[PDB]
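Colleague: Each chain is listed here by its residues.
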Amino acid sequence: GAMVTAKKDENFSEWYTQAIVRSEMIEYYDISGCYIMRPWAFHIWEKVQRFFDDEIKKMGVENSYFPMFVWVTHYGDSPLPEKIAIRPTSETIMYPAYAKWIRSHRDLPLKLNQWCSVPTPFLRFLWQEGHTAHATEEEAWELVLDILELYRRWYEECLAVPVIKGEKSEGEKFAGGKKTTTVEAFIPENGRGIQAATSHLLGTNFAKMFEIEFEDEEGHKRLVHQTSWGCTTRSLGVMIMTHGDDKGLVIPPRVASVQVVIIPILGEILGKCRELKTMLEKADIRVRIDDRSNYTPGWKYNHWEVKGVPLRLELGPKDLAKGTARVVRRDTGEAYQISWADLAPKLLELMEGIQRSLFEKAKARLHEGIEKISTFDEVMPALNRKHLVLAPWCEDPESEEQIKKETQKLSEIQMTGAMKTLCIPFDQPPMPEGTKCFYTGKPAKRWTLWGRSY
Amino acid sequence: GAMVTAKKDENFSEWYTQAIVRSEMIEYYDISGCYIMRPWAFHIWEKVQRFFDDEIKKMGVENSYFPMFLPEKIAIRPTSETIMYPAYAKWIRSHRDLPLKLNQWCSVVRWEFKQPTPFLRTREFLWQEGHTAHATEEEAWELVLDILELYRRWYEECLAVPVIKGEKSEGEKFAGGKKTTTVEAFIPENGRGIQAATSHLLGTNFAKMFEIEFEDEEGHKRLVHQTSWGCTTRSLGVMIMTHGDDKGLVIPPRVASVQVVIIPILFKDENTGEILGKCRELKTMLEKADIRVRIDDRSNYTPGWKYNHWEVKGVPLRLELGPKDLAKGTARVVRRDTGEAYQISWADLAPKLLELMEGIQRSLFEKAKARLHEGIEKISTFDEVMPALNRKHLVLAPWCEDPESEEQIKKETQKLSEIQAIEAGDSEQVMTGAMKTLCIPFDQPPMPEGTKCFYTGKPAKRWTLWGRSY
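Taken in sequence, the protein lines are chains B and A.
FYI, in PDB author numbering the residues of the first sequence are 331 to 400, 421 to 468, 476 to 481, 485 to 626, 633 to 780, 791 to 830.
FYI, in PDB author numbering the residues of the second sequence are 331 to 399, 430 to 830.
Calculated from the structure, these hints are not laboratory results.
C-beta: ideal position from N, C-alpha, C; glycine also.
Treat the hints loosely; a few may be bogus.
[Stated by the list, open to error] Among the chain A residues that face chain B by a calculated CB cut under 7 Å, a handful are: (1) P369; (2) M389; (3) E392; (4) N393; (5) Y395.
Construct all of the structure, not just a fragment, from the sequences and the given hints.
Modeller: This is how it looks when you write it as structure tokens:
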């Protein structure tokens, strides 16, 4: 009787917990935080993993395994045993091997990636990270933007979660990198931004510290231009929060463990159900026939609705007589009495329509969750409406810290509560000439998306 | 210009180290032995992983992830059973919940062994492990045998390494389970058997231990019949030892990262662009046939350097194209396994190369199978053991399957090993000289009535494969 009792707009954290637990997605035990990823979510992880892996195989990225863990001048001209102690990161492990392997320009580009594995689930796990080294900065930037587009496709085309491409501020970018691109998603229930995925342009900063030098065509020793990117299982959690409802989970059909479940209504109907399942499995459709004995049909309805199957198929005596089956979708309560012959094509059409509907509704909520302001006195109401803000900014690093401190102090009205830079979006609205910064008053530079975040 | 200098049948350990390092499929990181797995070997691991995963997904096995707070290479780590089987008991409630089939692909790196061997005896490896629970013992045993057949296909159809299916002795099986099946491989250069993969019939012991019960159709609470299996990157190591030669590695074309390497022959600054463009269009043509191709147009190295480089890396086929071959409209394809050269027209390149590839794979398999057949001696009495062991061979003997007799034989063969005091001008890795049961093979040779045990003299039960092991 796994039935979600908490309401999504009321008790959001308890709703998330009940949704991820009751749907047989994860399983806790007594120690704090640790959980087990049951197949219901690991199938989604696999699907997105296969997508990203094939797409980076096309780009020439090769997978590998490095033994990874669990300031300017000194870290750089110090030996590797001390470099590991100072910064025990994946860069300190990988980039010495990069310096050993890279010697000639014909050794570039070097593209490596690894899928690694080692509170609240799916927020703070499995992930992937990749590192590249190129001969020029233009090639590095091209690869960074390609990976960011791959992340946009990961979130929007697979999980139906709309993300905003942008550039991180000087305070939120990678510490040693030159520039950091990102994609951002929005959770309306708490009105908070979240970093969906990240992609960094490291440049020659790390090549300086590890002496990752190469000889070009003219025989000149030049530094490589490195990039690094990564994406975690957070994509699952976001995908859980943007589509679920009070009934439970709603999983987009492109990543569903089982896309359509066939429920009998209670002799020959079981054979006809198996025939329909064999017919549907041929057309790429993932089918599971829930032929439980004692469980009532409504119990199975609630079970598969909590699990979040996009479509469920009912076949009863009247359905067997009139020649049609009763399919019902999960995002909305729309039902369809459809013939057995036209089952597979119209079912996959319904699946694509459900995916597009989920993405479009999430994009509409995203657009409704952003307020384009101009002066600072609008930030506190906009934040109190569970919304993000898009304001003109001069991109002064001190101003960001000042705004965060003041917005945290302006939390008199009873995680955190401060407002930080989500990103400087690539899609920049037009900036009038004399436009001033929304906080300092200096000449503004670009439109920056701010808001509360995870 | 990294060449493999050690002879494979003279300095086997040095040969293995040179072969894995100079082929750019491994990179040692520090003094402890910690190493990086480079894409040249990770591609083979990805191929075998894709095969096994697609095959077990047809069996209804679903992938999952469990963290960390005989099973082959796992004499370390915090155990998988104590983490999984509590959740298994919490999940399984009725026969409707069965059968349960889970699997996970994992990787680990711990403090390295004393005198380690990467992709073999090492505390750093990638692997997969699966666990199942069934209502009956028959279904569980059938799944065990299906997984063992999948392992046989993993080693033979993918890596071209012949293996022997069998069951472990009472003293060499998973002590917690009921019966432990296995596949065994043979290394002739040191004459040692090795456990390629394992599949266990755990039975109801862990069901009792973790209270994993279920209600049947009538209502009685019964125990589940559990199985578990696993396979590591050790396969790669075996695939390295089985097909490698004095020149370096020989990778079967099915799992090769690069199947055909194109080497344009360019002398002087004349007719270079035409040859390069022709090599590029040939690469595109071959890629249109699902052939993995790569062109080595590096000018700082001569053709001989490239030959040795891609021979050490183990590319099964290389394609030479000079200006004379540009004129004749043909190319010279050299195979890595035997070295035989062929002259093939451009229109025949893709079909003849797909054919050469299959031929090299089958030959790679058949030669190793012949070596395996030649490394096993069928004996009848115990005084035949130490000779056959000194010939770096295994033995197939009739045995009564007495547990204490196996320990007696281990101690006796260790006492009779001798020569444990002369290392000449070439010291290698010293392993134990005792002989133990590798497996009781499924393919049992016929047993004539009245056959006595080769050691105890008691009535012999079955043919058992003994030998020195890893």
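Colleague: All hints are to be evaluated individually against the structure, with a verdict given for each.
Modeller: Each hint tested on the structure:
1. For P369 (chain A), the shortest C-beta to C-beta distance to chain B is roughly 4 Å, which falls under 7 Å, so the interface hint holds.
2. Look at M389 (chain A): its Cβ only gets to about 14 Å from chain B, farther than 7 Å, so that hint breaks.
3. Given the 7 Å rule on beta carbons, the hint for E392 (chain A) holds: about 4 Å separates it from the nearest Cβ of chain B.
4. The beta carbon of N393 (chain A) comes within 5 Å of a beta carbon in chain B, closer than 7 Å, and the hint placing it at the interface holds.
5. A hinted interface residue such as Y395 (chain A) counts as satisfied when its beta carbon comes closer than 7 Å to some beta carbon of chain B; here the least separation is about 4 Å, so the hint holds.
The structure does not agree with numbered hint 2 stated previously, though it agrees with all others.
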